Amino acid sequence: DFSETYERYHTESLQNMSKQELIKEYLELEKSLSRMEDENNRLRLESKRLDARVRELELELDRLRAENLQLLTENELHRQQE
Amino acid sequence: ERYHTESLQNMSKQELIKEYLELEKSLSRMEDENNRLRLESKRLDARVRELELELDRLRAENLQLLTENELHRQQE
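These protein sequences, in sequence, are chains A and B.
Sequence positions in the first sequence follow the entry's author numbering and run 266 to 315, 319 to 350.
Sequence positions in the second sequence follow the entry's author numbering and run 272 to 315, 319 to 350.
One should not assume that every hint holds.
[Said to hold, decoys possible] Here are the computed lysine-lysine pairs in the DSS-like style, where the Cα-Cα straight-line distance is at most 30 Å: (1) A:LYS313 to B:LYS284; (2) A:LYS289 to B:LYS313; (3) A:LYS289 to B:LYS289; (4) B:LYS296 to A:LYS289; (5) A:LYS296 to B:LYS313; (6) A:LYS296 to A:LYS284.
These are calculated hints, taken from the structure and not from any lab test.
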């Protein structure tokens, strides 16, 4: 809400909980984290697979671009000579 | 359940609160990092499509260039 004013309120709020409610609330917060982690791992693997594909595709585009370039200047020279 | 009876409760309440805060704080860095991971890997997906087309298009040009190189080859 306000960045520090909120932490103040929010920490009082945990202060006015019992230890056992805090342990309850917290055990849920872990649930949520190991769920997020898992998705992190899924997301990192999919990003790594896609940048490999971009990698491969980029090379072939280079491999081919340079082929075309050469050809193109061969076709100019061998054309004008006519 | 109770692997935690012991973990969280050797701790003082004040330690727990500390522990709960920092855990909130990293759930939150991680939602940001996961967001970035979702967006990035959808951009990279756009990318691949853009590259699959530039490739196709480059192949059409390669075929033309080659067929022309071949015409000239035959006129020699």
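Assess, step by step, whether the Cα of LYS289 of chain A is no farther than 30 Å from the Cα of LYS313 of chain B, and give holds or violated.
Not OK: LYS289 of chain A and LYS313 of chain B at ~37 Å, beyond 30 Å, violated.
Sort out whether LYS313 of chain B lies within 30 Å of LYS296 of chain A, counting only the CA atoms.
Roughly 27 Å between the alpha carbons, so the hint for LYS296 of chain A and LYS313 of chain B holds.
Does the alpha-carbon distance linking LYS289 of chain A and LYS289 of chain B stay inside the 30 Å limit?
holds, 15 Å
Would you mind confirming whether the straight-line C-alpha gap from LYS296 of chain A to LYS284 of chain A stays at or under 30 Å?
holds, 19 Å
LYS296 of chain B and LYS289 of chain A: Cα distance at most 30 Å?
holds, 18 Å
Sort out whether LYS284 of chain B lies within 30 Å of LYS313 of chain A, counting only the CA atoms.
Measuring from Cα to Cα gives roughly 42 Å; hence the hint is violated.
Consistency note: the structure conflicts with the earlier hints numbered 1, 2.
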